[PDB]
Amino acid sequence: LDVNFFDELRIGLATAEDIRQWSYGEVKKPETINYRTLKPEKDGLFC
Amino acid sequence: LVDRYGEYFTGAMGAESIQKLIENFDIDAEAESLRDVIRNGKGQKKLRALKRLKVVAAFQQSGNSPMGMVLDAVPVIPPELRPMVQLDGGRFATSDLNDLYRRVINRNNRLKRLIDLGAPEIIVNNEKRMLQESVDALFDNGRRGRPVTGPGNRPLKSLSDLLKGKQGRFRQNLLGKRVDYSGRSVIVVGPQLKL
Amino acid sequence: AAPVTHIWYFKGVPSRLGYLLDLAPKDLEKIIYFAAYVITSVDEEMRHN
Amino acid sequence: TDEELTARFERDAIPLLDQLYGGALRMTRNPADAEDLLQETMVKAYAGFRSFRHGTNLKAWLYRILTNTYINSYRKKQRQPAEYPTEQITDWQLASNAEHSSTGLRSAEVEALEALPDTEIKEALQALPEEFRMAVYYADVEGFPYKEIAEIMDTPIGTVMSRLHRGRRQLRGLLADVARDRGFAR
DNA sequence: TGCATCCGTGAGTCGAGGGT
DNA sequence: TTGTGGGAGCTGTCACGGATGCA
RNA sequence: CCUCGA
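Chains as they are written, first to last, in the UniProt record's numbering: chain A, 2 to 48; chain B, 244 to 438; chain C, 98 to 146; chain D, 21 to 206.
Hint data in this document are derived by calculation from the structure and do not stem from the laboratory. It is possible that part of the hints are untrue.
Said to hold, decoys possible - Sample of chain B residues with no beta-carbon within 10 Å of chain D, all distances over it, derived: (1) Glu250; (2) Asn267; (3) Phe268; (4) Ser276; (5) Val280; (6) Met310; (7) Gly311; (8) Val319; (9) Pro321; (10) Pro322; (11) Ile365; (12) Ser377; (13) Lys409; (14) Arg427.
As the list claims (entries may be wrong) - Here are a few chain A residues that face chain B, going by a calculated C-beta distance under 7 Å: (15) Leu10; (16) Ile12; (17) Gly13; (18) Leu14; (19) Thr16; (20) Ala17; (21) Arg21; (22) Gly26; (23) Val28; (24) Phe47.
Idealized CB from N, CA, C, for every residue including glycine.
Please put together the full structure from these sequences, using the hints given.
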């Protein structure tokens, strides 16, 4: 639990390496969720 | 120029070309040149040089490279921050962000399909420009050309819009909030009170 | 499948790219959106020989 | 020859695509949708261009490809959730959705009380003997399988299940008004 | 290189209910 | 996947500063 | 967003 005493807030430009170090997996499909079961499709925007 | 002399140079279109330029770009060399133009020049040349030097010196004084200005990979915001909810009527409501990411995905996948199929260079260039424009929408819709629209002709609020104006996160959710332990009602006079 | 340019840095006035590479933004729109080519490198020695 | 006929494809077909963009725009009303449809059409055309009868009107052939690619995508939408975009889904919408959801928009108070003791339940449990309470806790709250809750407490399966059934009985002896206070008497 | 034009910015606060 | 095939609105806003583009 | 309230 953060004790809320930050010294500085810095911006830079994200390197594609940074963008990949953030990511937990590539989204590959445009589907969101199945209409039948309302469940999030694999590799989709809500995977 | 390519049929003859094609093996004496490299040329190309698009962001890949801009990336190759930024690669071969010597920040120290151009920075020294701009400092020279500022020190020994005058008039409009001096003004333009100071303008360009702000960018160049900023990129060299900080250790971050200008390559970051060209993306090979696009991040994707967590899905709770772009929710999707079912409504009365069996219809759904999605944040505009999902339609924008979805167009980016469709165009990237169609580009991959074309590249695998060895499509004509004109069609693959069409798909590359389309991918570029869809990422332009995802980042800041309407800044260049026609805004991507949803039903009823409304421009899809992009990741830039999420921050601007009294609607954006700053003025709507960080400089003022909705709070608990609070209420509201009509006021009447009640002269019997003490101050 | 193909890299793209961050629109904050191409179209954000004043074009940060246009100042970086010393290109006029009109030419940058021609290049980034496939209206014109650009020379990324030229083998000067081979041309000379 | 394969590549010569792809050059021929470019030369013969590209102006047709110039006009087919306007066609697809008329039939989709969204320029982004029209560009997507035209590029899909060109994908299908370049994939099946060997099957084109040379010399005839490629205009009608490509226009039919465009018409069929529009007709197939209209049916693709009829199998995926009907989505409608908005700047910001409203509170009435978050609330309406929460009305039919399995968790709903829970208040801080709700979650505060769930983190405080359930006084009726805590005292019923503390009434039970220690071993009965443990065999009931693991099995009924922590869902451990019976051999694994035997792995805990270092007691055989029979001992654990005797303790479980008899502690369930005793705790049902207590808690009798709690089950009526709540909906468990039904 | 010298400007004219164009384009990008900003344009009060808090409420109620209705609900593609 | 073959005789022909090009959108729906839009503007009834305004002051200001600085890039951008033109010649 | 619309119509409304101060």
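Here is how each hint holds up against the structure:
no., hint, result
1, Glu250, "holds (20 Å)"
2, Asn267, "holds (32 Å)"
3, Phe268, "holds (32 Å)"
4, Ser276, "holds (41 Å)"
5, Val280, "holds (43 Å)"
6, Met310, "holds (29 Å)"
7, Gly311, "holds (27 Å)"
8, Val319, "holds (17 Å)"
9, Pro321, "holds (16 Å)"
10, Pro322, "holds (13 Å)"
11, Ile365, "violated (6 Å)"
12, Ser377, "violated (8 Å)"
13, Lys409, "holds (13 Å)"
14, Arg427, "holds (16 Å)"
15, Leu10, "violated (13 Å)"
16, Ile12, "violated (10 Å)"
17, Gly13, "holds (5 Å)"
18, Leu14, "holds (3 Å)"
19, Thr16, "holds (6 Å)"
20, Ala17, "holds (5 Å)"
21, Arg21, "holds (6 Å)"
22, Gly26, "violated (9 Å)"
23, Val28, "holds (6 Å)"
24, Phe47, "holds (5 Å)"
The structure is inconsistent with the numbered hints 11, 12, 15, 16, 22, although it conforms to all the rest.
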